[PDB]
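Each chain, letter by letter, is given below.
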Amino acid sequence: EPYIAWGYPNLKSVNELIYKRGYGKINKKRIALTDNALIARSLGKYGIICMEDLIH
Amino acid sequence: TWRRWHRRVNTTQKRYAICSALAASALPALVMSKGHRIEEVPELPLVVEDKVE
Amino acid sequence: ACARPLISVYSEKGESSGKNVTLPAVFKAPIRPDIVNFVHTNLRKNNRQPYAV
Amino acid sequence: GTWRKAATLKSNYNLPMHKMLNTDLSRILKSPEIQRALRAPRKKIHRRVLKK
Amino acid sequence: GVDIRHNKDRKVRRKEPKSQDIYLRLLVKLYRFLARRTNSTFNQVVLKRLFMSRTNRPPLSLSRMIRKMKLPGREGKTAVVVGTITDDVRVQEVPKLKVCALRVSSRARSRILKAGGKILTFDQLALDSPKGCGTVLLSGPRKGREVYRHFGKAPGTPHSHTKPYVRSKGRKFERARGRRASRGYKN
Amino acid sequence: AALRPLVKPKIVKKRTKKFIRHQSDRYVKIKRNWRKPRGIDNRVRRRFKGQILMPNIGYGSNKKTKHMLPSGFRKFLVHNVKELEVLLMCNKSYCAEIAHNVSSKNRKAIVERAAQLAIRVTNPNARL
Amino acid sequence: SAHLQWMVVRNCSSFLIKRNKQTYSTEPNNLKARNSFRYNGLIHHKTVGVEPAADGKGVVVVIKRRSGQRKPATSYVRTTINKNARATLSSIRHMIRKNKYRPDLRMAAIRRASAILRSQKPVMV
Amino acid sequence: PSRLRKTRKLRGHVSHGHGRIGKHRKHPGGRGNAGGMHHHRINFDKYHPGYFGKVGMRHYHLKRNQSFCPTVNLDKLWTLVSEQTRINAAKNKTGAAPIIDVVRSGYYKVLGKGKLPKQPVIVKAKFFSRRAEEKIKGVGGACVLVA
RNA sequence: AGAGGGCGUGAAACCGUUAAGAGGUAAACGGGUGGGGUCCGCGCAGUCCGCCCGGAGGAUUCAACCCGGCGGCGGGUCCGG
RNA sequence: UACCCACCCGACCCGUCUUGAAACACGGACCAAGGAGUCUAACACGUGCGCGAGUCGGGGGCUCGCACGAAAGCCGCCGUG
RNA sequence: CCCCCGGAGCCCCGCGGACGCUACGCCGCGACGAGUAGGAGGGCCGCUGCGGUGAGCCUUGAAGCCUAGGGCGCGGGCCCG
Ligand SMILES: [Mg+2]
Ligand SMILES: [Mg+2]
Ligand SMILES: [Mg+2]
Ligand SMILES: [Mg+2]
Ligand SMILES: [Mg+2]
Ligand SMILES: [Mg+2]
Ligand SMILES: [Mg+2]
Ligand SMILES: [Mg+2]
Ligand SMILES: [Mg+2]
Ligand SMILES: [Mg+2]
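Residue numbers (PDB author numbering), protein chains in the order written: chain A, 139 to 194; chain B, 107 to 159; chain C, 2 to 54; chain D, 265 to 316; chain E, 2 to 188; chain F, 2 to 129; chain G, 2 to 126; chain H, 2 to 148.
Be a bit skeptical, because a hint or two may be false.
Said to hold, decoys possible - Once the Cα atoms are required to be at most 30 Å apart in a straight line, the calculated DSBU-like pairs of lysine-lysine come out as: (1) F:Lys9 <-> G:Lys19; (2) F:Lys65 <-> D:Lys308; (3) B:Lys140 <-> E:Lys30; (4) E:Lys69 <-> H:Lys114; (5) D:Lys308 <-> G:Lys101; (6) D:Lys269 <-> H:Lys77; (7) G:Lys19 <-> C:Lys46; (8) E:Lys12 <-> D:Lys308; (9) A:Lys166 <-> D:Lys308; (10) E:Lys99 <-> E:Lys78.
What the hints assert, rightly or not - Sample of chain C residues facing chain E (criterion: CB under 10 Å; computed from the structure): (11) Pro31; (12) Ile32; (13) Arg33; (14) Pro34; (15) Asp35; (16) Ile36; (17) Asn38.
To be verified - Simulated DEER-style distance windows between Cβ atoms: (18) H:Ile43 <-> E:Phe152: 17 to 27 Å; (19) H:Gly31 <-> E:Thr42: 48 to 58 Å; (20) H:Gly13 <-> A:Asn153: 51 to 61 Å; (21) E:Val13 <-> H:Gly30: 25 to 35 Å; (22) B:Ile144 <-> C:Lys46: 28 to 38 Å; (23) G:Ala74 <-> F:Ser62: 45 to 55 Å; (24) F:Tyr28 <-> G:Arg20: 34 to 44 Å; (25) E:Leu138 <-> B:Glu155: 49 to 59 Å; (26) E:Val13 <-> H:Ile43: 23 to 33 Å; (27) B:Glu146 <-> G:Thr27: 15 to 25 Å; (28) B:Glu155 <-> G:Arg107: 42 to 52 Å; (29) F:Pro6 <-> A:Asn153: 44 to 54 Å.
Treat the hints as calculated values from the structure; they're not laboratory data. Just so it is clear, CB atoms sit at the ideal spot from N, CA and C, and this is done for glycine as well.
Modelling step: build the complete structure from the supplied sequences, incorporating the hints.
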């Protein structure tokens, strides 16, 4: 606790983080989430197919 | 004075250093690439008559 | 074990005499400069006199 | 010495063998045997995308 | 302001043959090509072996090559050794084999051909089966070098038998304090 | 108006000043050539404040404009005439520099053979 | 084989010149002097060369014959072309291509032809 | 060569690879293998077990030629002979059992290691092993002694 | 003889004088500029060139096409050897 | 960028032993040239190359007055070891 | 019928392949970059000498030395006037 600062985020806070500062770990790389064929290419086996499905 | 001046090679090693030495005496690319001005020589494994002896 | 062509003997004055030998199988041996170089350096050391103080 | 015969002037010696025969690989690499069994290339060099 | 140990982030494996022999550098140029392209992990092992040292791709005796080809099913395939095939004087019934290797000692070369066999090199193997189809990869025993005997715990630690370096073995060379229970102790 | 380059980029140089050796000013026995100080209590090697700068790699020139003259061409130390026709093709990218110890007679012959096939020479009006 | 020689000649050649952070090859009838594999004169068995004519005007086109190599006296045929810098170019063009004779040099041969002619005309003001 | 020596790369390095706390003084441990009992014991006892002390029985003026005795295993017996004398057998329908003079190939003893081909033999040696007896006998063949 | 009898070359420390600039916190130094110099690149417009095209001027011979010859390339009938 | 000068900010003298050096710790006026991990033998492991249950290498021998040679080549010597 | 790239006219072209391909070359992504003692790697960093090689350079001026002369390299140093 003396090192962190945590709390309960609201929806707009989830969007802002995921869009503006959201990078996906693909092949152990920080690759920017520019198009959602990069999200489906990693998470498609879970019904997650788009930038919006990530946020669910 | 007793620095190990002289060196050694296996017998077959220094025999097979002669094969590759000879096999490259053909192949004008390798020969000319040593700057041996072979541009008019009729053939590279140049054999001459035994009058020359 | 490659194919070996027919090397022509030249007369003492240029042009090609009828005699025609063969390429002796040495000239198909593997080129290996890594071995020519190595064997050369370890042999050229031998013709050399001790310098000392 | 030749290949399939002794030296007959040196005691026991024959030419060295080859680590490989067809020392050219430009012909090996475009023979139909090799060409047929190849994954198709990937040459759409992907300049990195600026994140807007 | 990141907190990873960079201790062992650089991976120490050979990515090119440390040797200069143009021939090995040439069929490395061949499987630097096949390895990237064809789905066969076969050449990815063949390539990753053409890098290794003499001390690490040991010779394969001819008899150890028989009993690994005599096993039920691997008939008709080709033995593939990134190394040399030596001879085995203590074996006589030489079945017909199809072998590939970098080198084959001259004596073992005549035992194989006389038995109606065939030996290839790693470039004809590329034309036989570029995917490595119908092959058997083998090697000599890498824990075969006499060096591997001096390795281990220690000589003189409890019941850990490891050969010690001695200038010459004999009666009076290291059978004393530590070896016979009568003279000091023993381990 | 001689021999424009193929591409004349914007050449930027992260540091333009030399890297003199520590204390190369107080003493004459010390040249300006860089030597990496290795003192225990030395104040440059522990990169203190307001001290002379230690050269390191992230200090180095752009990969495109590296070794590039202010005109655009890389130098080639041409030594005689036959070593000029090497540049016959790689000419709009880099140019010819005649060696110091070339005699004044053929130092001319190198010049006008270059002006024949358009190889800019950086020291073309030199000996005379 | 070509790939064999290139491993003996990559370094260690009497035509290789390495200075001033470049490398170069002064060997005969290689286009643009590149110490290369494609652009090499001896290593190969079909080579195209382009050098000025000895007269001062024209362009001579070296083609290796490949009929028999290790015959350097005749293995290696030349020809002359003294024409109008547009047919001149279209001669080496039709000679390399639609002959399937090393269509790697195809463009590098032309850019060497053109740069030869630019070197034989009124020099300067 | 001097060219590829770490002593080149140690120029401008003050201590020259030997550390400035404890310098490279001349002889810190001792000279040679000195102190096996004292202060080097952990080495001699954990890496050279059995170094220190007498054992066994003195035999003054030993000579090796007295007790010279090389060995063959049955593993490689048909190697001493040209392999054609083996092929001129397993055939010939007479029980030829060619003679192998292990003395002529320089071995005063035959030991019983390894398989033996199903083939009659006569092995002339000096000293036999018991199992080397049974391996030759059981294959069909004789063990003949030579002085 | 800017090789003069311990005389080839003739460095640095150090000193002499000429030139230029400075000068109460010993000097020296790192970063950043500014001012002045010695020169260096220029220009007595540096408007840099290179295609292709269009237009207007002026000049020599062809390319396109066939015909004679030479020389290659590749090809297959592996046809003949 | 480098010569001189100016300014604002920064800035203690290096080498060394040291828990700690700008130290009221020691070496150091300045400048030139010289100047310190070498060779031999013996192990050990790693690596490259030849050959591979073998493989040598020495001493000898056979071939030169060496120009290059006191080299290279060869020898049931090659296994006496 | 739905035909041939010696021509579909080409954002895909598997019929032939870059300028690019020094294949120990070139290229695209990411991540990361304190350092004594010490280790390792790379040094078209430097000094002297030999076997090669540069149809190298040189009395139309080599080595060395000197330079407020133009520059290149992160730098070792280097090239020019
Ligand atoms: Mg250090
Ligand atoms: Mg010390
Ligand atoms: Mg004088
Ligand atoms: Mg004087
Ligand atoms: Mg004054
Ligand atoms: Mg104290
Ligand atoms: Mg005090
Ligand atoms: Mg003291
Ligand atoms: Mg670091
Ligand atoms: Mg000198």
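Worksheet item: Does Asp35 of chain C pass the interface check with chain E, least Cβ-Cβ distance below 10 Å?
Response: Nearest chain E Cβ about 4 Å off; hint holds.
Worksheet entry | Hint consistency between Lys269 of chain D and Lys77 of chain H [alpha-carbon to alpha-carbon, up to 30 Å] | 28 Å, holds
Worksheet item: Do the alpha carbons of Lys69 of chain E and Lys114 of chain H lie within 30 Å of each other, as the hint requires?
Response: 22 Å, holds
Fill in: Cβ separation of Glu146 of chain B and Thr27 of chain G, checked against the hinted range 15 to 25 Å
Because 19 Å falls inside the window, the suggested range holds.
Fill in: Consistency of beta-carbon spacing, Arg107 of chain G to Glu155 of chain B, with hint 42 to 52 Å
45 Å, holds
Worksheet item: Are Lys12 of chain E and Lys308 of chain D close enough, with their CA atoms no more than 30 Å apart?
Response: 29 Å, holds
Item to complete: Please work out if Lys99 of chain E and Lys78 of chain E have their alpha carbons no farther apart than 30 Å.
Response: Holds, because 7 Å separates the two Cα atoms, which is no more than 30 Å.
Worksheet item: Under the criterion that the straight-line Cα-Cα distance not exceed 30 Å, is the pair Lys19 of chain G, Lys46 of chain C satisfied?
Response: 29 Å, holds
Worksheet item: For the hint on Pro31 of chain C, does the least C-beta distance to chain E fall short of 10 Å?
Response: Hint on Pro31 of chain C: holds, closest Cβ of chain E at ~7 Å, below 10 Å.
Discussion item. With the threshold set at 30 Å, check whether the alpha-carbon distance from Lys140 of chain B to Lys30 of chain E stays at or below it.
Written reply: 26 Å, holds
Discussion item. So if I understand the rule, the pair passes when the alpha-carbon distance is 30 Å or less; does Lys308 of chain D with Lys101 of chain G pass?
Written reply: 28 Å, holds
Worksheet item: Is 44 to 54 Å a correct range for the gap between the Cβ atoms of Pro6 of chain F and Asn153 of chain A?
Response: 50 Å, holds
Checked against the numbered hints given earlier, the structure satisfies every one of them.
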